[PDB]
Each structure stands twice: as C-alpha cells, then as structure tokens.
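Number of protein chains: 4
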Amino acid sequence: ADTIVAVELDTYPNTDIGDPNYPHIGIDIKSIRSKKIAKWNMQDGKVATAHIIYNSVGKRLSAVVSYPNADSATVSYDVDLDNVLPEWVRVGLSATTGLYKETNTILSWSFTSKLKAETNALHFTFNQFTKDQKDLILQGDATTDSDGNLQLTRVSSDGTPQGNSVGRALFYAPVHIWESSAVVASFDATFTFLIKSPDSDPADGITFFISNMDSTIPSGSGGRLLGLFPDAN
Amino acid sequence: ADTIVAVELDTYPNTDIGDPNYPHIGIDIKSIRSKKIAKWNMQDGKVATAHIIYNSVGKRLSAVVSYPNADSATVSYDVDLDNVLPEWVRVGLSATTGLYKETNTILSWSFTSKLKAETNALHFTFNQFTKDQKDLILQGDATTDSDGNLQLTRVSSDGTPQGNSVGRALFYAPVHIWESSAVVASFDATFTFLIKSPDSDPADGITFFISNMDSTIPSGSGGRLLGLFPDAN
Amino acid sequence: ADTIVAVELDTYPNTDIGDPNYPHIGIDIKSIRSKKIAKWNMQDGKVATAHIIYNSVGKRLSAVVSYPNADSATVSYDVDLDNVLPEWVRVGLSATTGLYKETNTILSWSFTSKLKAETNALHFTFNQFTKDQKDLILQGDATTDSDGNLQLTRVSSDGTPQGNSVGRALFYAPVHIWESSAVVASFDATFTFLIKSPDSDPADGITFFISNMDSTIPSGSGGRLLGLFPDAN
Amino acid sequence: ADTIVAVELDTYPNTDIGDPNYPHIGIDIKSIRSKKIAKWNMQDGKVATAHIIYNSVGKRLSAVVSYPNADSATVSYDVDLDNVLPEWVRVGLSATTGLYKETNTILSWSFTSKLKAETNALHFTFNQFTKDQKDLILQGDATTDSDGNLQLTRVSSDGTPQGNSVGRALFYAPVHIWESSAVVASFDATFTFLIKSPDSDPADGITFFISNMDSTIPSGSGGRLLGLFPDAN
Ligand SMILES: OC[C@H]1O[C@H](Oc2c[nH]c3ccc(Br)c(Cl)c23)[C@@H](O)[C@@H](O)[C@@H]1O
Ligand SMILES: OC[C@H]1O[C@H](Oc2c[nH]c3ccc(Br)c(Cl)c23)[C@@H](O)[C@@H](O)[C@@H]1O
Ligand SMILES: OC[C@H]1O[C@H](Oc2c[nH]c3ccc(Br)c(Cl)c23)[C@@H](O)[C@@H](O)[C@@H]1O
Ligand SMILES: OC[C@H]1O[C@H](Oc2c[nH]c3ccc(Br)c(Cl)c23)[C@@H](O)[C@@H](O)[C@@H]1O
Ligand SMILES: [Ca+2]
Ligand SMILES: [Ca+2]
Ligand SMILES: [Ca+2]
Ligand SMILES: [Ca+2]
Ligand SMILES: [Mn+2]
Ligand SMILES: [Mn+2]
Ligand SMILES: [Mn+2]
Ligand SMILES: [Mn+2]
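Chains as they are written, first to last, in the authors' numbering: chain A, 1 to 116, 121 to 237; chain B, 1 to 116, 121 to 237; chain C, 1 to 116, 121 to 237; chain D, 1 to 116, 121 to 237.
Hint data in this document are derived by calculation from the structure and do not stem from the laboratory. Do not rely on the hints blindly, as some may be mistaken.
Unchecked claim - Chain A is nowhere near these chain D residues, computed Cβ spacing over 10 angstroms in every case:
(1) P13
(2) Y22
(3) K30
(4) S110
(5) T129
(6) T147
(7) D149
(8) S201
(9) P202
(10) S204
Unchecked claim - One side only, chain C facing chain D, incomplete, derived with CB under 10 angstroms:
(11) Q43
(12) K46
(13) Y54
(14) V64
(15) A70
(16) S161
(17) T164
(18) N168
(19) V187
All C-beta atoms, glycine included, are put in the ideal place defined by N, C-alpha and C.
Generate coordinates for the entire structure from the input sequences, incorporating the hints supplied.
Take a look at the structure:
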C-alpha cells in the first residue's frame with residue numbers, strides 16, 4: 001500500500017466516506033477520510049488556484065483554493081509529514097470523475113521543496133503542459149490537451165468530461181521530502197485548475213498529493229477515492 | 001510606537017522581563033516578552049543558521065536555529081500576522097549587547113516574501133555584505149566589517165564585542181507583507197550568525213524582525229530589549 | 001548626467017535621432033541612439049512580454065519582446081555592463097508619449113539580479133501593482149490604476165492615452181549590479197505591457213532601464229527620449 | 001550517438017585531441033574538441049566554483065570557473081543550443097581520470113532551466133549529496149561519499165583518486181531545454197568542485213553537460229574524453 005498525503009479539492013460529497021455535505025478542500029493523511037476539511041463553494045467553469053504550503057518547523061499543512069472573484073476556502077492541519085511520508089516521495093496531482101463528472105484541467109502547477121545556506125532544492129513550474137511532458141509521469145487517463153492543459157481525467161475531443169476516470173501527473177523526479185540530517189524541510193505547491201461540469205453535480209475533484217515514489221493509481225481508487233487510495237479506510 | 005514581530009535569538013536570560021532561565025529562541029509579537037520560547041544551547045564562536053517561516057494560510061510563525069553539529073532549537077507560534085503588522089513593513093535583523101557582550105555577526109541573510121500565478125514577490129540574499137550596503141538600512145552600531153560580515157553590534161577592530169550596543173539592518177525596500185486582495189502571503193528568512201563571547205555569559209542576542217517601514221531603533225531598546233522595543237511591556 | 005542602460009520598446013520612429021523606420025526593440029547604452037535595434041511589429045491593444053537578460057560572463061545584453069500570437073522581435077548587444085554602469089543602480093521602466101500617444105501600461109514586471121554558492125541576490129515580481137506601491141519609486145506621470153496596472157504615462161480616467169507624458173517606476177531598492185570581488189553578475193527582467201493607441205501612430209515606447217541610483221526623469225526627456233536622456237547624443 | 005553540449009573543466013592537456021597546452025575551461029559542442037577554451041590555472045586541493053549560463057536570446061554559452069582567491073578562467077561561445085540539442089535533455093556532470101588522476105568531487109550543483121509570465125521552470129540545488137540520491141542518475145563510477153560529496157570518479161576509501169575512472173551524475177528529471185512555441189529558454193548551472201591530485205599532473209577534468217535524455221557513458225569515453233564522447237572527432 002502507498003503512503004499518501006494529499007490536499008483534495010473534493011467537489012462531490014460522498015457522505016458514506018466522511019465528506020461533509022458540500023464541496024470541500026480536504027487534507028488527507030493516509031486515508032481519503034480528510035483529517036480536516038473546509039467548505040469550498042465550487043465555481044463551475046471558473047479557474048481556481050490552489051496553494052499548498054508546509055514546513056517541517058511549523059508542522060502545519062495548509063491549502064487555500066481561490067477563484068478570481070476573491071472567494072476562497074482554506075484548510076490547515078497540524079501534521080508532521082516527516083513522521084508520515086518516506087524521505088523520498090513523488091509529488092503529483094490526481095483527479096477522478098465517477099458517476100458524476102467534471103473536467104479536471106490543470107492549467108499550471110508549480111512546486112518547491114527545500115531541505116535546508122546548505123539548502124537543497126527542487127523547484128518546478130508548468131504554466132504550460134505539452135503533448136509529451138517528459139518530466140511528468142502521466143498515470144491513468146491523464147493527458148495533455150491541444151491547449152497545453154493537463155486533463156487529469158478524460159474529456160471527449162469536445163471537452164465533455166467523462167465519468168469513471170482517474171488520472172494523475174507526478175513530477176518525473178523524486179523529491180527528497182525530509183532527510184534525517186535536515187533542519188528544515190518545506191514545500192509549497194500551486195496549481196490552477198478548471199473544473200467545469202455540465203452536471204449540476206460535479207464529481208469528484210483534484211488532489212495535489214505526496215506519495216511514495218513508486219505510487220501508481222490504486223485499483224479501486226476511481227471516483228470518490230480520487231485516484232489516491234484503494235479503499236476508504 | 002512601532003509594530004514589531006521578531007524572532008529573537010536571545011542569548012541572555014533577563015528573568016525580570018519574562019525570559020526563561022536560558023538562552024532561548026523566541027517569537028516576539030509586539031512585545032519583548034516572547035509569546036513562545038524554546039531552550040537554545042548557545043554554542044560560542046560557532047556559526048548558527050536561523051530560519052524563520054510563515055505563511056498566511058497556516059498562520060504559524062516558526063523559527064529554527066541550528067548549529068553545524070546538528071543541534072537546534074525551534075519555536076512556533078500561531079499568529080496571524082496580517083492581523084498584526086501593517087501591510088507594508090521593512091524586515092531586518094537586530095542585535096544588542098548590554099552589560100554582557102557578544103559579536104552579533106551576520107554572515108548571510110536571505111528573505112523571501114510572497115503575496116499570491122498572480123503572485124508578487126520580493127526576494128533578497130546577502131551571502132556577503134559590503135562596506136557600503138546600499139540596499140541595507142544600517143541603524144545604530146550596525147556596520148559591515150572587513151570580512152563582508154554584518155556586525156550588528158560594535159566590535160573593536162580586534163573583534164572584541166563591545167557592551168551597550170544596538171544595531172539593526174533593514175532591507176532597503178519596504179515589503180508588502182499582506183494585501184487585502186491577497187489570498188496567501190508567506191515569507192521566509194534565513195540568516196547565519198556568529199555569536200562569540202569572551203564572556204561566559206553572552207548577551208543579548210539577535211533578532212530577525214518585521215516592523216513598520218519607518219522603524220528606527222527605539223530609544224531605551226539597548227541590551228535585553230534587542231533594539232526592538234522601547235520598554236518591556 | 002545619469003548613466004543609463006535601457007532596453008527600449010520604441011513604438012515611434014524618430015528618424016532624426018537614429019531610429020530605424022519602424023517600431024523597434026532597442027538596446028540603449030548611455031544614449032537614446034540604440035546600439036542595436038531590431039524591427040518590432042507593434043500589435044496595438046495586445047499584451048506584449050519583454051524579457052531582458054544579461055550576465056557578466058557572456059557580456060551580452062539581450063531583449064526579446066513577444067506578443068501572445070507568437071510574434072517577437074529580439075535584440076542583443078555585446079556589452080560589458082560593469083564597464084558602464086556604476087556598481088549600484090536602480091532598475092526601472094520608462095515610458096513617454098509625445099505628440100503621438102499610447103497607453104504605457106505595465107501589467108507585471110519581474111527582475112532578478114545575482115552577484116555570485122556565495123551568491124547575492126535581489127529578486128522582485130509585480131504581477132499586480134497597488135494604489136500605493138511603496139517598493140516602487142514612481143517618477144513623473146507614473147501611477148498605478150484601478151486595475152492594479154502601472155500606467156507609466158498619463159491616461160484619462162477613460163484610459164485615453166495622453167501626449168507629452170513621461171513616467172517611470174524604479175524598484176525601491178538599489179541593486180548591486182556588479183561588485184569588484186564578483187565573479188558573475190547576471191540579471192534578468194521581464195515585464196508585460198499593453199500599448200494601446202487610438203492613433204495609427206503610437207508613440208513613444210517603454211523602456212526597461214538600469215540607471216544610477218539617484219536617477220530622476222531628465223528634463224528634456226519627454227517623447228522620443230523615453231524619459232531616459234536629457235538629449236539625443 | 002549522443003548529443004552533448006558540455007562545459008569542460010579540463011585539467012589535463014591532451015594535445016593530440018585539440019587541448020591547448022594547459023588546464024582549460026572548454027565549451028564542447030558535439031565534440032570533445034572544445035569550440036572555445038580559456039586557460040585555467042588549476043589550483044590543487046582548492047574548491048572551485050563553476051557557473052554556466054546561457055539564454056536562447058543571447059545565444060551565448062558562458063562558463064566561469066573561480067577559486068576562492070578570486071582567480072578565474074572564463075569561456076564564452078556563441079551557440080544557439082536549440083539548434084543543437086534535442087528539446088528534452090538531461091543535464092549532468094562528468095568526470096574522468098585516465099593515466100593521471102584527481103578527485104572529481106562535486107560539493108554542490110544547482111541548475112535552473114526556464115522556458116518562458122507563462123514561464124516553465126526546473127530548478128534544483130544539491131548543496132549536499134546523499135548515500136542514495138534518488139533524483140540523480142549515477143553513471144559509471146559516480147557515488148556519493150561519506151561526506152555528502154559527489155565523487156564523480158573513484159576514490160579509494162582514503163580518498164586517493166583512482167585512474168581510468170569515468171562517472172557522471174544526471175538530474176533524474178529530463179529538462180525541457182527549448183520548445184518550439186518558446187520565446188526564451190535560459191539555463192544556468194553552478195557547481196563547486198574539489199579537484200585534488202597527488203599527481204603534479206591532474207587528469208582529466210569535470211564537465212557540466214547537456215545531453216540527450218537517454219545518454220549513458222559512451223564506451224571509449226574514459227580519460228581525456230571526459231565520459232562524454234565515444235571518440236575525439
Ligand atoms: O462521481 C460521484 C460518485 O459517483 C458514484 O457514486 C454515486 C453517487 N450517486 C450515485 C447513485 C447511484 C450509484 Br450506483 C452511485 Cl455509485 C452513485 C461513485 O463512482 C463515487 O465513487 C463517486 O464519488
Ligand atoms: O547584557 C545583559 C544585560 O545587561 C544589563 O543587565 C544586567 C545583567 N546583569 C547585571 C548586573 C548589574 C547591572 Br547594574 C545590570 Cl544592568 C545587569 C542590561 O543592559 C540588560 O539590558 C542586559 O540584558
Ligand atoms: O510622440 C511622437 C513624437 O512627437 C513629437 O515629434 C513629432 C512627430 N511628428 C511631429 C509633427 C510636428 C511636430 Br511640431 C512634432 Cl514635435 C512632431 C515629439 O514629442 C517627439 O519627441 C515624439 O517622439
Ligand atoms: O589521464 C591523462 C591521460 O592519460 C592517458 O594518456 C596519457 C597521458 N600520458 C601518457 C603516457 C603513456 C600512455 Br600509454 C598514455 Cl595513454 C598517456 C589517457 O588515458 C588519456 O585519456 C588521459 O587524458
Ligand atoms: Ca468526495
Ligand atoms: Ca534576554
Ligand atoms: Ca522613437
Ligand atoms: Ca584533456
Ligand atoms: Mn472529501
Ligand atoms: Mn527573551
Ligand atoms: Mn529608438
Ligand atoms: Mn580540453
């Protein structure tokens with residue numbers, strides 16, 4: 001089994017697995033049952049920006065999603081991620097649709113990890133994605149579209165979202181998330197994303213996740229499990 | 001009166017103003033009486049590195065000081081700094097000696113502030133300081149030495165620390181610490197510093213601080229008040 | 001007299017002072033008479049992005065302006081800027097209108113200077133400008149508009165460009181452009197800009213410039229002299 | 001055959017393959033026969049810092065090596081690297097010893113590539133290397149030592165350099181060096197390195213190189229060919 005820490009922009013309330021009754025930004029530590037969620041007013045067809053921030057000192061994982069109108073949801077959770085994740089991880093984004101659907105279009109994604121000036125660093129930014137993103141590991145239905153967008157989940161050539169889709173994109177390089185001689189490890193990610201749904205109910209969301217390097221889509225992870233967990237423990 | 005948030009590497013226990021009975025890393029919000037301290041084992045004549053991290057989402061200000069031997073003290077405090085500081089601040093380092101003394105030598109200092121990709125950013129790094137640091141505002145006894153070091157407090161040409169010294173160095177540019185249309189503001193600072201003392205009691209420490217732009221050394225701030233406060237309320 | 005190095009996005013051919021017969025991107029060293037220009041197809045009312053790159057090793061100053069349609073002009077000039085500029089400079093943007101006019105709207109501007121890991125660094129980014137940009141020194145008619153844009157030159161509240169306008173914006177902090185113990189100094193700037201003109205002839209352009217710290221708008225610099233020179237030597 | 005662009009810190013004059021009669025910093029485009037070299041005064045057992053800078057606009061590849069005493073060699077060569085390298089490359093460091101030997105110890109290495121703010125970016129920094137650098141692809145004799153150093157070539161446990169060694173370290177992620185919709189691509193690398201030799205003749209040097217993603221050590225590349233070419237055409 002994989003080790004996952006994720007920030008989930010969960011668009012669809014699967015009450016049977018813990019979701020509150022609304023679209024929510026969630027922090028998931030090792031289970032889809034978010035440790036802490038916050039109500040997220042999903043704005044259909046509008047570009048959101050998610051920032052995820054953490055440092056080893058503060059031991060607080062935070063996520064804020066905003067929409068250009070200045071609306072945001074935020075979630076923070078105290079967690080010491082060195083205690084959680086292996087040292088090397090890959091970082092990535094996940095999406096699923098299920099019975100309900102949405103585009104899970106990533107417009108841009110940037111990530112910075114620092115292991116501290122005898123600091124190590126990884127930083128990447130995609131403001132554009134290409135037909136053949138060699139530094140991204142595309143899993144499941146993830147593809148880059150004609151528009152330099154990352155479609156984490158299947159969209160018909162007419163960009164109608166498809167259901168029962170799971171996709172992920174991990175950065176090609178493993179990331180050294182916390183070393184035992186490390187004083188401080190911090191990371192921050194940002195991606196902007198377009199969730200549009202013909203459905204008045206979008207499903208299921210997009211995560212940014214940190215996983216064990218080897219992580220692949222868990223069979224069973226479609227839909228509400230956001231391509232991250234093989235079940236909802 | 002100035003508005004100060006500071007991370008104090010306080011080398012000298014002034015019990016009468018709240019210090020615990022030891023050298024301590026402290027988070028000071030608007031008073032020298034640290035909101036949260038942590039024991040710091042002061043390693044004389046050894047270079048320390050302090051990192052200070054904060055983001056508006058997590059609302060947690062963290063500081064970790066380490067010495068090359070892998071020894072560290074850390075302090076975190078939940079504070080929402082937008083609630084505290086004006087929007088524009090200057091950032092800086094402070095030191096004082098008092099009756100007891102130490103070199104308050106800054107070897108390097110880097111700082112990053114981000115107001116979030122429609123992000124604004126300021127970043128600076130001094131791994132070296134020059135005779136005439138035009139992007140630093142030197143206050144009090146702060147000078148740059150023949151060694152490209154920032155001596156926040158007076159050192160005789162033989163580098164014997166002097167007592168009753170206060171100095172500061174603020175970066176020349178004001179920093180836009182939190183804007184009201186801002187979704188996320190984060191900053192992180194790092195400086196390395198050489199506290200050496202002939203005295204078996206060093207005094208008084210070095211801070212990294214965030215202040216109102218106009219901040220000058222408060223008369224009365226020498227010694228235990230680390231060039232930051234005009235009294236110990 | 002000031003010392004100026006500038007990359008000029010010159011929209012108006014003032015043949016009497018050297019301009020080629022077209023809108024041109026120019027590299028100006030110490031005179032408005034560009035050392036090297038390249039034809040620039042000015043795209044009215046379309047956002048351009050200018051990048052300016054230099055490092056002390058290569059001793060080549062390059063500028064590329066592009067428009068979202070993938071059209072670009074580029075200009076490079078071999079120059080050793082340490083030989084030219086003082087050590088400390090301020091960096092900035094300039095615009096003028098003259099008899100002919102245009103909006104000289106800066107949407108964003110980022111700048112990085114490095115004096116090299122015993123590297124020093126300044127980096128700033130404005131993706132937004134505010135009513136009171138405390139880290140920008142606004143000169144002449146430069147103001148920030150209701151839209152978080154930098155209007156280097158006067159625009160009526162209806163955003164009609166005005167003529168005979170000069171404005172500049174320098175970053176508040178001096179920049180240490182080349183030190184004598186320095187091995188490598190590099191800088192890169194990027195700004196995006198909206199030149200729109202009711203006129204079928206826009207005038208006069210926008211520069212990014214490096215100047216002596218103290219630089220103010222030279223009396224006489226309006227119009228074709230882009231707020232940079234007091235004459236056209 | 002691989003495609004290589006390299007900056008070679010060549011410590012040993014192999015006159016039969018073009019080297020000038022001295023240790024030299026060289027720019028190698030697609031052959032070990034440097035397009036442009038500059039005399040390098042090899043300082044035994046002293047840490048050097050190499051910076052390599054390039055941008056697509058200037059089309060000038062520059063390298064400067066310095067030693068803490070302020071001594072440097074520099075080499076620049078006009079080359080348009082998009083014309084040369086595929087779009088995706090891996091970046092790396094190479095070293096060899098041959099009959100003559102040296103430690104080819106990398107202390108730190110940082111790299112930045114930008115494909116331009122709709123900029124893409126990769127940045128990494130190793131100020132330390134670990135026993136199991138998962139984001140580095142170690143080839144040949146490259147290992148990380150007990151000291152967090154990258155020993156590109158074999159060193160006995162007593163750190164005596166061995167002869168006939170070749171090693172490389174490529175960053176795990178492919179790098180998107182130039183895209184056809186790209187306006188500007190720039191990269192800069194920096195690494196610091198300790199060449200120490202018991203021999204009064206060190207051999208053979210260290211390169212920073214850009215290669216086709218798939219690049220492995222070319223059989224035949226030991227010694228003077230710096231692990232980069234299968235012959236000296
Ligand atoms: O995409 C939204 C949800 O669709 C499915 O769950 C259902 C939501 N409403 C339903 C109604 C009937 C049936 Br059968 C199902 Cl599975 C569902 C499942 O695929 C869930 O994983 C997913 O979260
Ligand atoms: O530098 C250490 C301390 O020196 C002075 O305080 C004293 C510490 N021990 C003392 C003993 C006698 C007297 Br008088 C004084 Cl002020 C002190 C004061 O300057 C304090 O501000 C400072 O923290
Ligand atoms: O803004 C475009 C140009 O306007 C003026 O120059 C003229 C261009 N065409 C003209 C026609 C008549 C007169 Br008078 C003038 Cl000054 C001009 C001057 O203000 C120039 O500085 C400026 O470059
Ligand atoms: O390491 C320095 C050089 O050693 C060898 O070349 C020689 C330099 N001096 C020699 C003397 C005799 C013989 Br045989 C050889 Cl191969 C050499 C070869 O391995 C060269 O590749 C290498 O550059
Ligand atoms: Ca859900
Ligand atoms: Ca004290
Ligand atoms: Ca002109
Ligand atoms: Ca050689
Ligand atoms: Mn959920
Ligand atoms: Mn204290
Ligand atoms: Mn011109
Ligand atoms: Mn050579």
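Quick rundown of the hints versus the structure:
The claim that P13(D) is not at the interface with chain A holds, since no C-beta of that chain comes within 10 angstroms of its own (minimum 35 angstroms). A cut-off of 10 angstroms between C-beta atoms confirms that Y22(D) is not in contact with chain A; the least separation is 33 angstroms. The beta carbon of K30(D) is kept farther than 10 angstroms from every beta carbon of chain A, the shortest such distance being approximately 21 angstroms. The non-interface label for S110(D) is inconsistent with chain A: the shortest C-beta to C-beta separation is roughly 8 angstroms, within 10 angstroms.
The beta carbon of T129(D) sits about 4 angstroms from the closest Cβ of chain A, which is not more than 10 angstroms, so the claim that it is off the interface is violated. With 10 angstroms as the threshold on Cβ separation, the claim that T147(D) sits away from chain A holds: the shortest Cβ distance comes to roughly 17 angstroms. The Cβ of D149(D) lies farther than 10 angstroms from every Cβ of chain A, with a closest approach of about 14 angstroms, so its non-interface assignment holds. For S201(D), the shortest C-beta to C-beta distance to chain A comes to about 26 angstroms, beyond the 10 angstroms cut-off, and the non-interface label holds.
Consistency note on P202(D): stated as away from chain A, and its beta-carbon is indeed over 10 angstroms from all of that chain's, at 29 angstroms minimum. Non-interface call for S204(D) relative to chain A: holds, since the shortest CB-CB distance, roughly 33 angstroms, exceeds 10 angstroms. Evaluation of the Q43(C) hint against chain D yields a violated restraint, the C-beta minimum of about 14 angstroms exceeding 10 angstroms. Against a cut-off of 10 angstroms between C-beta atoms, the interface hint on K46(C) is violated, since the closest Cβ of chain D lies about 14 angstroms away.
Hint status for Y54(C) relative to chain D: holds, with the closest Cβ pair at about 8 angstroms, below 10 angstroms. Evaluation of the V64(C) hint against chain D yields a held restraint, the C-beta minimum of about 5 angstroms falling below 10 angstroms. Because the beta carbon of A70(C) sits about 7 angstroms from the nearest beta carbon in chain D, less than 10 angstroms, this interface hint is met. Hint status for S161(C): violated, given a least beta-carbon distance of 29 angstroms to chain D, over 10 angstroms.
Restraint check, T164(C) versus chain D: the minimum CB separation of about 28 angstroms is more than 10 angstroms; hint violated. Nearest Cβ of chain D to the Cβ of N168(C): about 32 angstroms, over the 10 angstroms cut. The hint is violated. Interface hint status for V187(C): upheld, as the beta-carbon distance to the closest one in chain D is roughly 4 angstroms, under 10 angstroms.
When held up to the earlier numbered hints, the structure conflicts with 4, 5, 11, 12, 16, 17, 18 and fits the remainder.
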